[PDB]
Amino acid sequence: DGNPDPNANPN
Amino acid sequence: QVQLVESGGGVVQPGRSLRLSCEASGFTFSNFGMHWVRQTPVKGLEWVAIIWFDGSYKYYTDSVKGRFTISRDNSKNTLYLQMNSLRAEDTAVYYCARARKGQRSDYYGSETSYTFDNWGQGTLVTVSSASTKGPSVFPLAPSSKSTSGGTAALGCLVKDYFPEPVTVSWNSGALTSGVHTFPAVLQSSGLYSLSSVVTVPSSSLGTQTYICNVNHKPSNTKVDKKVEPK
Amino acid sequence: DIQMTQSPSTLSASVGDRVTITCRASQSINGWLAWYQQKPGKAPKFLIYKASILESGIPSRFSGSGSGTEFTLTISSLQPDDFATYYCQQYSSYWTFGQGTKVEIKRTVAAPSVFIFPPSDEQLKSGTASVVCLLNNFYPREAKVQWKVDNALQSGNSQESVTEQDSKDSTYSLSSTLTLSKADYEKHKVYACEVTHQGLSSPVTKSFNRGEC
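For the protein sequence lines, the chains are P, H and L, in the order given.
Quick note, the first sequence lines up with residues 5 to 15 if you use the deposited numbering.
Quick note, the second sequence lines up with residues 1 to 52, 52A, 53 to 82, 82A to 82C, 83 to 100, 100A to 100L, 101 to 214 if you use the deposited numbering.
Quick note, the third sequence lines up with residues 1 to 94, 96 to 214 if you use the deposited numbering.
Just to be clear, a hint being listed does not mean it is correct.
[As the list claims (entries may be wrong)] DSSO-like cross-link-like pairs, simulated, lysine-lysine; straight-line CA separation at most 30 angstroms:
#1 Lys126(L) with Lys39(L)
#2 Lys57(H) with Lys42(L)
#3 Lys210(H) with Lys39(L)
#4 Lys214(H) with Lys207(L)
#5 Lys43(H) with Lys210(H)
#6 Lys169(L) with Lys207(L)
Quick caveat, the hints were computed from the structure, so don't treat them as lab data.
From just these sequences and the hints, can you work out the full model?
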């Protein structure tokens, strides 16, 4: 499935 | 250069608390999610908790829920782990790590997942009901039972101390060839025990003095033990 | 949780060898697999992500492949600084790690020298008896060590320690301690350590009789 983005940007 | 510098570990009894800190430099700390991960010899590497870049969301591994809190202060560039209600099984090296897009940086879309890249140097957390105790130092004395060919073995058994570490030298550091000081084992009592041995010519036993020098700084125990043959 | 397993747990290799480490998952993880390297007393270092992408600055002798449940890490030509432990990690659902594969220095088979030590009178006077068996400078690391007291196998009342691989001759050593109460010790005669290792042409038993001292 994957783990969600925890950073300020998607880069 | 990305840098994560940790502090706060130590030795405590169960039920007590510790707070770990992780200070970041070399990157824009407030842009990144952060993690705590822990490591033990038996259980290996275990993820502990994650926190969003701005602290707006966070979650935990099941075994620490209700006891550990992850937090951060983006004005001090610091990540924290508040560890309450500590248990013996929380004993580990604790690492902070920076969240990382686990995909090509220029890719954007549904097939993305996140992991973590740079780790701090680690801080040791030891949780035990044992209390500080210096070692007994017993001889491992050379005999026909510890000879093979023209080599004899002799040593010292440094038994029932807490916490780590102990240091052992031989003949005040003049004897190093053939010395093996073994990693300590943790006994079911919660105390450690260590052996330090040296192999020497069997012909030397009659005339050469062998003394192991043991220092256990936490208990202020310092012992010189002369080991003679049986 | 998704369970990760690596194989083998220890791998012996020489400088210049091609080395491959495998990692399996308990269910499909897509390509969300990362690899880390760790040396003693140091933090893990990020090597590879999405199974096959090298982190910037990692040497190109490293590479990775795989999808689904089966992944590999390959070092095309092992360098002296590549002896280390390598961990796989899935990041498809939370984060779980394999148990690690240690890459050790390969050398020729070396038999242990075997030594036994009776308990000291100082320890006996305090009420306990520790017997120590030493295996010195052997290779490979796997060795069979058994404690026998008047021919009864002892299980659960000994502990062992193994050194790191020696910097000079690439061998291991092993220390095992059998502990009894003084009372139990004085009820038996023959204390023996028996060692089996492929470098020895027979099992080696070192023993003493209580009171032989």
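_Hints the structure fails to honour_ = 1, 3 and 5
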